[PDB]
Amino acid sequence: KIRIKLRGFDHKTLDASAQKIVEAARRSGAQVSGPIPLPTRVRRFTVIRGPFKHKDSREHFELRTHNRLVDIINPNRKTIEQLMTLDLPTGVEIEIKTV
Amino acid sequence: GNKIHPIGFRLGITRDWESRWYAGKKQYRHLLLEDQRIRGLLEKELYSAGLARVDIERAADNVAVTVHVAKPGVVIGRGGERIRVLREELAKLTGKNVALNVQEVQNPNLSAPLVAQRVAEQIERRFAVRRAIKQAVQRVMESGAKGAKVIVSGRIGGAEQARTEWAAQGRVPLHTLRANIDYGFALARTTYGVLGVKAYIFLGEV
Amino acid sequence: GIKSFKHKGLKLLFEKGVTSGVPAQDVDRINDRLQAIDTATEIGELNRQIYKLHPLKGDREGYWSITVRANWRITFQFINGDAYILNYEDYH
Amino acid sequence: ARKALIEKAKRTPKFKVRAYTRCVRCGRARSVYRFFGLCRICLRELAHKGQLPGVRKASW
Amino acid sequence: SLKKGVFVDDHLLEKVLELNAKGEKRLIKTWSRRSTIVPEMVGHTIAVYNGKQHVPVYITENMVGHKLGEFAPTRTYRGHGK
Amino acid sequence: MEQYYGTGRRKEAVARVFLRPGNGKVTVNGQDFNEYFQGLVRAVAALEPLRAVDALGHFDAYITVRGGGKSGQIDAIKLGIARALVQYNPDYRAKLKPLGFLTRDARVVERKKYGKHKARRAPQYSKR
Amino acid sequence: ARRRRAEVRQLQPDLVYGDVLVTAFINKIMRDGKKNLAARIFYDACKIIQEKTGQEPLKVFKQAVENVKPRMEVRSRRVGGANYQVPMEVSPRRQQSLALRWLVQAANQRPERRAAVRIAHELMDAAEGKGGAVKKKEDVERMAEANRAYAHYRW
Amino acid sequence: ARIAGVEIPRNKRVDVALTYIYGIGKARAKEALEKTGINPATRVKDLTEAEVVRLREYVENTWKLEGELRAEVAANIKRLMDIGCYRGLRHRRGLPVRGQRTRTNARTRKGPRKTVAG
Amino acid sequence: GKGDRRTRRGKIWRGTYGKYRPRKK
RNA sequence: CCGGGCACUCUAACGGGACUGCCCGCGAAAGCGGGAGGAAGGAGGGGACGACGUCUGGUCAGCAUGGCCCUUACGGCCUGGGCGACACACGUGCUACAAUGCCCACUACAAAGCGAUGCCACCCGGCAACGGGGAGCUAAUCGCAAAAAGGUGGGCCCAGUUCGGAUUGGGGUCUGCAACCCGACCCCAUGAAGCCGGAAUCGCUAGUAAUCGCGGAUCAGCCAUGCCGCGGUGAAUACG
RNA sequence: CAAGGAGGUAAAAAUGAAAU
Ligand SMILES: [Mg+2]
Ligand SMILES: [Mg+2]
Ligand SMILES: [Mg+2]
Ligand SMILES: [Mg+2]
Ligand SMILES: [Mg+2]
Ligand SMILES: [Mg+2]
Ligand SMILES: [Mg+2]
Ligand SMILES: [Mg+2]
Ligand SMILES: [Mg+2]
Ligand SMILES: [Mg+2]
Ligand SMILES: [Mg+2]
Ligand SMILES: [Mg+2]
Ligand SMILES: [Zn+2]
Numbered sequence: 003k004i005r006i007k008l009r010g011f012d013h014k015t016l017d018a019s020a021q022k023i024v025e026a027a028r029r030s031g032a033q034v035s036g037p038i039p040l041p042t043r044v045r046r047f048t049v050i051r052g053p054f055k056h057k058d059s060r061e062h063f064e065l066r067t068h069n070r071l072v073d074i075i076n077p078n079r080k081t082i083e084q085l086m087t088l089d090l091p092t093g094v095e096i097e098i099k100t101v
Numbered sequence: 002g003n004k005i006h007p008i009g010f011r012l013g014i015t016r017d018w019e020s021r022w023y024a025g026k027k028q029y030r031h032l033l034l035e036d037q038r039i040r041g042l043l044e045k046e047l048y049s050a051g052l053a054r055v056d057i058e059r060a061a062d063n064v065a066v067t068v069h070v071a072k073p074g075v076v077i078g079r080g081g082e083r084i085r086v087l088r089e090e091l092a093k094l095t096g097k098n099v100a101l102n103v104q105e106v107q108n109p110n111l112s113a114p115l116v117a118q119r120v121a122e123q124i125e126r127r128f129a130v131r132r133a134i135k136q137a138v139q140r141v142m143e144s145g146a147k148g149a150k151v152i153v154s155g156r157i158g159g160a161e162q163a164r165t166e167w168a169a170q171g172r173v174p175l176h177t178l179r180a181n182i183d184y185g186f187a188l189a190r191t192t193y194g195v196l197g198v199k200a201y202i203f204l205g206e207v
Numbered sequence: 001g002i003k004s005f006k007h008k009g010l011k012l013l014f015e016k017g018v019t020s021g022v023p024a025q026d027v028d029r030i031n032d033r034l035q036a037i038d039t040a041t042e043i044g045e046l047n048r049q050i051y052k053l054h055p056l057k058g059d060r061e062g063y064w065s066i067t068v069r070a071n072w073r074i075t076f077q078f079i080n081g082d083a084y085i086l087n088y089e090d091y092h
Numbered sequence: 002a003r004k005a006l007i008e009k010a011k012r013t014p015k016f017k018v019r020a021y022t023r024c025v026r027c028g029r030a031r032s033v034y035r036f037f038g039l040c041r042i043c044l045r046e047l048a049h050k051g052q053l054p055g056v057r058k059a060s061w
Numbered sequence: 004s005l006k007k008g009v010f011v012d013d014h015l016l017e018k019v020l021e022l023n024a025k026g027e028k029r030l031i032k033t034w035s036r037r038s039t040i041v042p043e044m045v046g047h048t049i050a051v052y053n054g055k056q057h058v059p060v061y062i063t064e065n066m067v068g069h070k071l072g073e074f075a076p077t078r079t080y081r082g083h084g085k
Numbered sequence: 001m002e003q004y005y006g007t008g009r010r011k012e013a014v015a016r017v018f019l020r021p022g023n024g025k026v027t028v029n030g031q032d033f034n035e036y037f038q039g040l041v042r043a044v045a046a047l048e049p050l051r052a053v054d055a056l057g058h059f060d061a062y063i064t065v066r067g068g069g070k071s072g073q074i075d076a077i078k079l080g081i082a083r084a085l086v087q088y089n090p091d092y093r094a095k096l097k098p099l100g101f102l103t104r105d106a107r108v109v110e111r112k113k114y115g116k117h118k119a120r121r122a123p124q125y126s127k128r
Numbered sequence: 002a003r004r005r006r007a008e009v010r011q012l013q014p015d016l017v018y019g020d021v022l023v024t025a026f027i028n029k030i031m032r033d034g035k036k037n038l039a040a041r042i043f044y045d046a047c048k049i050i051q052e053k054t055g056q057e058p059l060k061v062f063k064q065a066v067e068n069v070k071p072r073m074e075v076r077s078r079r080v081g082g083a084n085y086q087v088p089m090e091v092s093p094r095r096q097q098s099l100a101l102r103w104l105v106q107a108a109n110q111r112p113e114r115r116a117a118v119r120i121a122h123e124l125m126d127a128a129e130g131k132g133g134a135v136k137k138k139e140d141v142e143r144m145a146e147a148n149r150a151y152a153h154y155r156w
Numbered sequence: 002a003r004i005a006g007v008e009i010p011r012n013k014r015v016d017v018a019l020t021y022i023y024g025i026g027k028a029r030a031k032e033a034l035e036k037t038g039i040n041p042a043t044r045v046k047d048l049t050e051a052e053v054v055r056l057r058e059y060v061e062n063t064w065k066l067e068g069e070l071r072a073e074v075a076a077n078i079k080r081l082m083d084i085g086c087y088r089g090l091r092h093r094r095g096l097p098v099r100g101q102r103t104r105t106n107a108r109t110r111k112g113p114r115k116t117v118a119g
Numbered sequence: 002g003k004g005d006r007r008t009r010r011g012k013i014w015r016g017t018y019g020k021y022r023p024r025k026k
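Chains as they are written, first to last, in the authors' numbering: chain QJ, 3 to 101; chain QC, 2 to 207; chain QY, 1 to 92; chain QN, 2 to 61; chain QS, 4 to 85; chain QI, 1 to 128; chain QG, 2 to 156; chain QM, 2 to 119; chain QU, 2 to 26.
For the record, the hints were derived by calculation from the structure and aren't laboratory data. It cannot be assumed that every hint is accurate.
With a Cα cut of at most 30 angstroms, we get these calculated DSSO-like pairs of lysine-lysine [what the hints assert, rightly or not]:
hint, chain 1, residue 1, chain 2, residue 2
1, QY, 57, QI, 127
2, QM, 65, QS, 6
3, QN, 50, QJ, 14
4, QY, 16, QY, 6
5, QI, 97, QG, 36
6, QN, 4, QN, 15
7, QS, 55, QM, 65
8, QI, 11, QI, 118
9, QG, 53, QG, 29
10, QG, 136, QG, 70
11, QG, 63, QG, 35
12, QY, 3, QY, 52
With the sequences and hints as input, model every part of the structure.
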């Protein structure tokens with residue numbers, strides 16, 4: 003019933019921090035749908051390489067925003083207990099909602 | 002010439018970020034401006050420390066700020082000032098958790114920003130630049146470096162004629178990705194103008 | 001007499017007296033050459049030693065060029081007692 | 002007109018259409034990205050610095 | 004092309020209406036084409052600014068959607084060598 | 001009714017090919033292998049690996065397709081049909097190689113590169 | 002400087018025929034990369050061949066190409082600011098290419114209204130040895146004929 | 002059939018033949034024959050005289066067309082004669098009315114090039 | 002007629018819709 | 001669409017996968033040719049990556065900065081004008097001169113991206129632009145979008161013509177304090193030049209050229225036919 | 001199988017550029 007979403011710019015921190023919550027939910031009495039890899043939202047932009055006025059030949063950058071989903075079954079305060087405030091991100095945004 | 006910033010050229014693999022936080026739109030713009038104003042405010046009254054980095058991390062009103070310094074001499078024991086209101090003056094336009102840490106950069110002769118900054122000081126001391134370059138390189142090479150390279154360009158020793166002094170010992174492969182190459186830069190302000198100091202420090206990888 | 005300007009700085013200096021188009025130390029220099037190019041009834045008069053006068057070559061044929069200072073040239077076309085296309089150009 | 006001109010860019014009153022974007026790091030009025038609030042010049046500088054969270058070189 | 008607005012300058016009209024009761028003098032300026040021809044005060048002259056000076060334009064019916072400054076060219080041209 | 005693998009891809013096109021051992025030479029997806037591919041000459045070339053083998057309608061085709069346009073889909077179907085008959089007939093390998101019906105064909109649309117007008121077409125100039 | 006001799010490109014055989022030639026012809030018909038319209042026109046014209054003559058288009062088209070084949074062509078070469086025109090032999094690859102190219106071009110040169118009827122007729126005319134392409138072929142061989150003088154320059 | 006001021010178009014579809022009148026174009030064309038109730042794909046070759054009469058009576062009336070509306074259009078430009086606006090001066094000088102680019106182009110009103118050279 | 006504002010083709014090219022190109026169904 | 005299942009497809013995270021390693025021939029070696037080996041090969045196809053230096057190259061109008069100069073002003077505010085001027089000349093382009101074509105109707109098949117101070121389903125008015133409503137969507141959920149070339153049907157029949165769309169009159173809509181100078185669309189009517197281009201001149205060697213539409217940045221709006229990306233169909237030729 | 005010596009030698013294609 004409990005749905006958690008984890009967005010992030012770094013994939014290595016995401017693929018690891020959203021895997022901790024798979025271990026911290028499985029070893030507390032619940033069935034956990036593993037790291038669901040939602041598609042990425044790549045936000046590119048292309049900037050002229052020079053401060054002057056050399057239109058041809060520039061250089062572009064991208065801001066990949068990754069999405070990862072995980073669902074746990076029963077909202078028992080046994081699994082809730084651990085995933086309550088035992089948070090270890092580096093700024094990774096987490097969404098917790100039940101529906 | 003034309004060569005890409007050896008830091009940006011890595012970023013992903015080798016050399017991580019310097020401001021590590023995540024946000025969507027309507028927030029990124031505000032938090033980046035604040036973030037940059039922290040870097041701007043710190044650099045001023047903390048230059049005497051000579052800061053190699055200014056790492057920043059966030060987590061909803063958490064704002065962690067790690068200041069790497071060769072010699073953290075300007076911290077002086079708890080209530081001995083140089084930290085108290087100093088790490089608290091940040092929250093005069095922030096008001097968030099101003100968690101300011103201090104790191105001890107062990108060898109300053111292996112920190113590119115510090116190397117270039119030491120050189121740029123010497124330019125303003127009216128030192129002989131070519132000899133200053135040579136020494137700084139060997140100094141870096143003396144402290145165990147796998148390769149080094151310092152570059153001062155323009156208006157050397159005053160004198161109407163922009164020059165470019167060049168020195169580099171050992172190995173500095175900029176094209177390679179598994180490089181671990183530290184890059185630093187510094188503005189030397191002189192009574193006759195402005196000149197830039199590049200500093201490249203290289204260690205192994207694989 | 002001068003009749004046309006290709007340089008906006010020179011043009012303002014001679015017309016309105018606006019010196020914010022030229023170098024500040026070259027205001028008196030640029031003035032006394034323009035006036036001499038103005039009172040000139042023939043190119044022969046623009047022949048004083050300090051100007052280093054001389055017609056250009058190649059695609060710049062028909063053009064003249066007195067020297068203001070350094071590598072800076074006042075280039076123009078002199079025809080029928082008048083100068084045209086007055087330009088303050090670096091000789092490159 | 003540059004100092005009094007980066008004033009108006011933040012002042013923003015009097016008719017809603019007279020308000021415009023403006024790089025914060027610089028004072029550039031052109032090529033100002035809404036996402037960063039920066040000009041294309043500054044954005045490139047900081048992206049190479051590493052001071053742009055997540056922002057990375059694009060190769061494909 | 005407006006439809007539910009169809010506007011004239013309030014300040015142009017203020018000056019134009021309070022000088023319209025039982026008659027007036029043609030001495031009346033402006034600084035905005037922005038307005039519109041305005042019926043009533045047709046037998047009037049509106050010195051419109053063209054960027055340089057105030058051109059006395061005259062109203063004699065015939066004009067409507069043409070605000071003002073169309074009766075106040077801003078450029079000169081006049082000829083191209085010929 | 002039945003199943004036989006199916007993974008044919010060509011230039012951003014995905015086709016899952018099944019075939020069910022029955023004399024009814026049939027179709028899939030929208031309408032007929034015709035109908036859905038009518039007016040298209042090269043559409044019927046996807047069934048060439050069946051001609052390469054001894055299949056004059058021995059299977060009931062079932063290919064769900066997606067992505068790309070018709071031609072790529074048709075190409076992908078060819079790769080899927082072949083991928084089926086090579087799967088449940090491992091000895092039918094000695095015809096998918098000489099005839100070359102088994103290749104993903106990495107030939108895909110090349111990226112728009114800056115400066116150039118499109119892929120490789122240079123923007124054209126005059127010196128003067 | 003052509004270090005590689007540029008290997009000969011190979012095509013896909015068509016539908017119903019299996020030609021290693023017809024598809025090459027359909028390609029020349031093709032404009033803007035629309036093989037659908039291109040192939041249709043040819044097969045359309047194939048249906049048109051059946052009407053005006055009781056012959057199978059696979060031979061009518063085949064023989065037409067054979068009749069619009071340049072035995073030898075003129076080649077401009079060396080010494081004198083490239084002043085000479087040595088009449089050279091034509092490679093089977095080039096006879097191939099010229100035949101199909103001249104066919105389609107002469108076909109669209111015809112005053113007819115539909116592309117199919119132009120193709121069909123130009124093929125029938127060429128199969129006989131009458132087509133405007135056959136003119137082009139015979140013309141190119143005239144040029145090659147008149148240059149036998151310094152043909153011994155060869156190469 | 003001498004419909005308005007013209008008669009020319011014979012064997013060529015009435016929805017098309019109608020177009021050959023200054024005032025008809027394409028929209029008023031099918032609009033006129035659906036309102037008159039006549040088959041658009043007809044021969045135009047003098048078909049049922051009745052359909053032709055009804056068509057003529059409706060078309061030639063209703064809206065202004067041919068030489069009459071050419072006169073009105075020319076008179077609408079004559080509006081900006083007097084002491085007219087800016088748009089009138091553009092009709093005076095012979096230059097484009099809608100304020101476009103005249104540095105190059107604008108040949109459809111200026112006319113073919115004259116070339117000054119200097 | 003990619004530039005004629007009275008075609009489904011010109012309306013495509015221009016982007017906008019209208020009478021000569023309705024917003025589907 | 002549900003029950004349920006997730007093997008297929010897809011999503012994105014680490015991996016495996018050729019190193020001419022194996023066969024024949026050549027060679028002193030490097031290597032080269034050829035052949036089963038497989039999805040793939042003798043740098044697989046594309047990216048990012050640009051040596052010492054050169055051009056007194058470019059950039060004081062992104063920014064920093066030495067020197068010179070201006071300070072009731074070369075600074076500051078405002079309304080208006082101008083950057084959009086046009087006898088002409090050149091560059092890069094867009095749309096065409098048509099029938100492998102145009103118009104109308106029906107009917108398919110993409111990718112890469114953007115959106116809750118917005119994208120706006122579905123209804124209602126309206127020829128339409130658009131306006132009234134109003135559901136869903138913090139978005140592999142809802143929406144932008146039906147991709148277009150294609151196919152099927154039907155109509156023009158080669159004539160400046162159902163080609164071509166400029167220019168101009170009129171009537172409207174939307175943003176905006178306001179669109180005269182100078183905004184984009186919508187509708188009516190006009191329908192020009194052009195029937196394929198002189199001397200010259202450009203691009204591209206395989207998903208390539210050509211051709212077709214789609215997205216995004218900037219952005220109230222837009223003069224975008226531009227630029228940066230996406231996929232659809234898909235040639236020709238290389239003797240030398 | 002490894003060249004020493006003898007001989008027929010390209011055309012149409014001119015100029016310089018603006019302080020050391
Ligand atoms: Mg360009
Ligand atoms: Mg393409
Ligand atoms: Mg204009
Ligand atoms: Mg011209
Ligand atoms: Mg490399
Ligand atoms: Mg220079
Ligand atoms: Mg400056
Ligand atoms: Mg301009
Ligand atoms: Mg004509
Ligand atoms: Mg014609
Ligand atoms: Mg190539
Ligand atoms: Mg001479
Ligand atoms: Zn900036």
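Results of checking the hints against the structure:
1. Restraint check: the Cα-Cα separation between residue 57/QY and residue 127/QI comes to about 22 angstroms, which is no more than 30 angstroms; the hinted pair holds.
2. Of the supplied pair hints, the one linking residue 65/QM and residue 6/QS holds, its CA atoms being roughly 27 angstroms apart against a limit of 30 angstroms.
3. For the hint linking residue 50/QN to residue 14/QJ, the alpha-carbon distance of about 21 angstroms falls within 30 angstroms, and the restraint holds.
4. The suggested pairing of residue 16/QY with residue 6/QY holds, with an alpha-carbon distance near 16 angstroms, which does not exceed 30 angstroms.
5. Annotation: proposed proximity of residue 97/QI to residue 36/QG holds, straight-line Cα distance about 27 angstroms (limit 30 angstroms).
6. A distance of roughly 20 angstroms separates the Cα atoms of residue 4/QN and residue 15/QN; the hinted pair therefore holds under the 30 angstroms criterion.
7. With a C-alpha separation of about 45 angstroms, the suggested pair residue 55/QS and residue 65/QM falls outside the 30 angstroms cut-off, and the hint is violated.
8. Pair hint residue 11/QI plus residue 118/QI holds up; C-alpha atoms about 19 angstroms apart against a cutoff of 30 angstroms.
9. Distance check on the hinted pair: residue 53/QG and residue 29/QG sit about 24 angstroms apart at the alpha-carbon level, within 30 angstroms; holds.
10. Taken as a hint, the residue 136/QG and residue 70/QG pair is honoured in the structure, with Cα atoms around 11 angstroms apart against an allowance of 30 angstroms.
11. Restraint check: the Cα-Cα separation between residue 63/QG and residue 35/QG comes to about 24 angstroms, which is no more than 30 angstroms; the hinted pair holds.
12. Straight-line distance between C-alpha atoms of residue 3/QY and residue 52/QY comes to about 22 angstroms, which keeps the hinted pair within the 30 angstroms bound.
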